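Take a look at this single chain in structure tokens; it is the form deposited in one PDB entry.
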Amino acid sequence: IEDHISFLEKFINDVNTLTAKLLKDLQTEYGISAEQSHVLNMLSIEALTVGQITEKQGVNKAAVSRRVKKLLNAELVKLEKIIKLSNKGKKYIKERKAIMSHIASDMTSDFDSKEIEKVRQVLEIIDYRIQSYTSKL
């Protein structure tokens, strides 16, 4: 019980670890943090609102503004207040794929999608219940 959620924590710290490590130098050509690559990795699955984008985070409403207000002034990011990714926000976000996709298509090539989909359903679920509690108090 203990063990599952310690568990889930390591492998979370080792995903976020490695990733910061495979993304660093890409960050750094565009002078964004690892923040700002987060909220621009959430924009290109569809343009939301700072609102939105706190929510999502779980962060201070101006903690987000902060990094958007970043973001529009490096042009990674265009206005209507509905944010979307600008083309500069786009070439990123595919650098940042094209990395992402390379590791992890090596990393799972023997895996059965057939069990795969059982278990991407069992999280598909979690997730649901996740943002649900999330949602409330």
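Numbering follows the first chain given and starts at 1. Compared with the form deposited in another entry:
Hinge location among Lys61, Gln57, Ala47, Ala98 for the rigid parts moving between these two forms, by C-alpha fit switching from one part to the other: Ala98.
Given the form deposited in one PDB entry above, produce the structure of the same protein in the form deposited in another entry.
No partners, no molecules, just the chain.
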């Protein structure tokens, strides 16, 4: 009811907590900060502007600005303008996908692919409505 909304929040928290730890090294190895790995992952799906990243993230623009250019200086992202990605940034995303796909597998080895399929389409539909509602305000 609003149980679900709490579960979801708690679930997202848990997923972030696991991602932070699982990625502690690759981030370090790269100079990268957590909040920067995130931006690097946000750009993994679409190009942005400091403004778009700041809307989609809700944190004061300056902060997004501090990291946006720390990332350019490191040749992880690139201007075209907009915020794209370089291999070093892709390869990081590929190294991030490798770890991620590895434990995710470990704990879903016993799942039923069909039970997952219907679950997926329920969510894909909710994802659709989330994006769509966000478009306005």
